[PDB]
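Encoded as structure tokens, here's the structure I'll be asking about.
Removed from the display is one protein chain of the complex; every other protein chain stays in position.
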Amino acid sequence: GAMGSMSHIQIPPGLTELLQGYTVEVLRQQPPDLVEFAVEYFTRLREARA
Amino acid sequence: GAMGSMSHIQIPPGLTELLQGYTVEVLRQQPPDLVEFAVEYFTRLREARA
Partner (left out) sequence: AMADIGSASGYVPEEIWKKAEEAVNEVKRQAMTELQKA
């Protein structure tokens, strides 16, 4: 399986669904800012808890 | 099909780099939570400049 500690990055799992949520939302609404729309989309998502 | 069709629909230019700028950090940093690691990453970006 593995090879060695010389190099180990491998595209982590779940990263696809995380970016999709943001990505798919950017097109559906087509916002003017990415930096803003990013913190606006990510923070809210998290805060959703409790 | 007219105001939205470029093989991938129409990803707002620059978004590719934004998602990339963060991902490169995740791969080499590997945080406990993606959402929490992002929220701070986007806030720092804006709060850092105008």
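Observations on the model:
By written order: A and B. Residues from 1 in each chain.
We take it that a residue touches a chain if its C-beta (ideal position, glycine included) is under 8 Å from a C-beta of that chain, and two chains touch if they have at least 3 such contacts.
Of the candidate positions A:11, A:48 or A:50, contact with the unshown chain belongs to A:11. Residues touching the missing chain, restricted to chain B, are 4, 8-9, 11, 15-16, 19-20, 23-24, 26-28 (touch as defined at the top).
Mapped onto chain A, the footprint of the missing chain covers residues 7, 9, 11, 15-16, 19-20, 23-24, 27-28.
By our rule, only the chains that are shown with their structure count from here on.
Every residue of chain B that touches chain A in the complex is listed here, in rising order: 4, 9-12, 14-15, 18-19, 23, 26-28, 30, 34-36, 38-39, 42-43, 45-46.
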